[PDB]
Amino acid sequence: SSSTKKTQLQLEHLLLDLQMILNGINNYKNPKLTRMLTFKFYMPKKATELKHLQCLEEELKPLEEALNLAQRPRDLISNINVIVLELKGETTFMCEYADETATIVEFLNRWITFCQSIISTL
Amino acid sequence: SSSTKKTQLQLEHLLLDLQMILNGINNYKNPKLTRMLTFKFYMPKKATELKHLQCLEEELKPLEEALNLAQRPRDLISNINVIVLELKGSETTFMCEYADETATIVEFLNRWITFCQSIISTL
Ligand SMILES: CC(=O)Nc1ccc(COc2ccc(-c3cc(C4CCN(C(=O)CNC(=O)[C@@H](CC(C)C)NC(=N)N)CC4)n(C)n3)c(Cl)c2Cl)cc1
Ligand SMILES: CC(=O)Nc1ccc(COc2ccc(-c3cc(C4CCN(C(=O)CNC(=O)[C@@H](CC(C)C)NC(=N)N)CC4)n(C)n3)c(Cl)c2Cl)cc1
Ligand SMILES: [Zn+2]
Ligand SMILES: [Zn+2]
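Residue numbers (the deposited numbering), protein chains in the order written: chain C, 4 to 74, 81 to 98, 100 to 132; chain A, 4 to 74, 81 to 132.
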């Protein structure tokens, strides 16, 4: 299917954007890296299907906030938003968050692993 | 003697402090441990005498920086610093020699735990 190729490329682009954000974070100087690891993110309890991307969508505003403190973030997050919303679509899904919060590093990596998990199935 | 007893206790204190930190790191979750293991440390080529503790002293700030990412580290490293300064004591300033291969936090701490244990057991 042609639409399956659309889902694939969109997942590849989202994976790349998250990898790019993380790459810049890994190169931060010691005092800067320390301060951004205090910014807490909500994590998914389950992330095996495309509908679970609602957990990412809801956490894009904190992500835009964290990137603003460490610096364009407004434009980059808006681009990711479009892809995230398009990738999940049916009506409205309630997202279940884990008890323990994580840092930007664990947050990004989880969603990077999520994207890699779906790409391989199609 | 009263001089050797003090040296023994202070060496056993440094050993305990490093073992306390090592217990903290090993207790971390797998994903947290992964990022902790990328923080690289400088290792001593020769560590046989009390004056070789300068290779630990210089690496004490990098240790504080690592525990700040995993976060009190400001007071604990300061406490360790005092011990090192009292043990290496003297007025002699020994210039340090470092090995080529860098090591993780676990390998760094264990090497100095090993250093402590070896000095204690020969006095
Ligand atoms: C000298 C010079 O200019 N150079 C220089 C270079 C770098 C730096 C360091 O940069 C920074 C400086 C400051 C910060 C920072 C962080 C913060 C805090 C960290 C903690 N915060 C948070 O965790 C906010 N998150 C939420 O609201 C959560 C809470 C929920 C989990 C309960 N909600 C959701 N995720 N949905 C709030 C923001 N502030 C106010 N400032 C950050 Cl994140 C960086 Cl990266 C400083 C100076
Ligand atoms: C759970 C999960 O997946 N994420 C997750 C969640 C939270 C945490 C909290 O703890 C941490 C979180 C993140 C990090 C971390 C650190 C780092 C880097 C690792 C590489 N760095 C270094 O090279 C540090 N080393 C030095 O500065 C050396 C240089 C030497 C190599 C020549 N200096 C001297 N010895 N003189 C700089 C810091 N990143 C990119 N991420 C670290 Cl080290 C810890 Cl301990 C860790 C991981
Ligand atoms: Zn805020
Ligand atoms: Zn003590």
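One or more hints might be untrue.
[Unchecked claim] BS3-like mimics (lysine-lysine), calculated; alpha carbons at most 27 Å apart, straight line:
#	chain 1	residue 1	chain 2	residue 2
1	A	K43	C	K48
2	C	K9	C	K43
3	A	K64	C	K32
4	C	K43	A	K64
5	C	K35	A	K64
6	A	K35	C	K35
7	C	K64	A	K43
8	C	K32	A	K35
9	C	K35	A	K9
10	C	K32	A	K32
11	C	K32	A	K54
12	C	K35	A	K43
13	C	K32	C	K9
14	C	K43	A	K8
Derived by calculation from the structure, the hints in this document are not laboratory data.
Here is how each hint holds up against the structure:
1. A:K43 <-> C:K48: Judged against 27 Å, a Cα distance of about 33 Å means the pair is violated.
2. C:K9 <-> C:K43: 33 Å, violated
3. A:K64 <-> C:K32: 15 Å, holds
4. C:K43 <-> A:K64: 26 Å, holds
5. C:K35 <-> A:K64: 16 Å, holds
6. A:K35 <-> C:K35: 18 Å, holds
7. C:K64 <-> A:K43: 34 Å, violated
8. C:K32 <-> A:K35: Holds - the C-alpha atoms of A:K35 and C:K32 are around 19 Å apart, at most 27 Å.
9. C:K35 <-> A:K9: 41 Å, violated
10. C:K32 <-> A:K32: 24 Å, holds
11. C:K32 <-> A:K54: The hint is violated at about 32 Å.
12. C:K35 <-> A:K43: 18 Å, holds
13. C:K32 <-> C:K9: Violated, at roughly 38 Å.
14. C:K43 <-> A:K8: 48 Å, violated
Of the numbered hints given earlier, the model fails hints 1, 2, 7, 9, 11, 13 and 14; all others are met.
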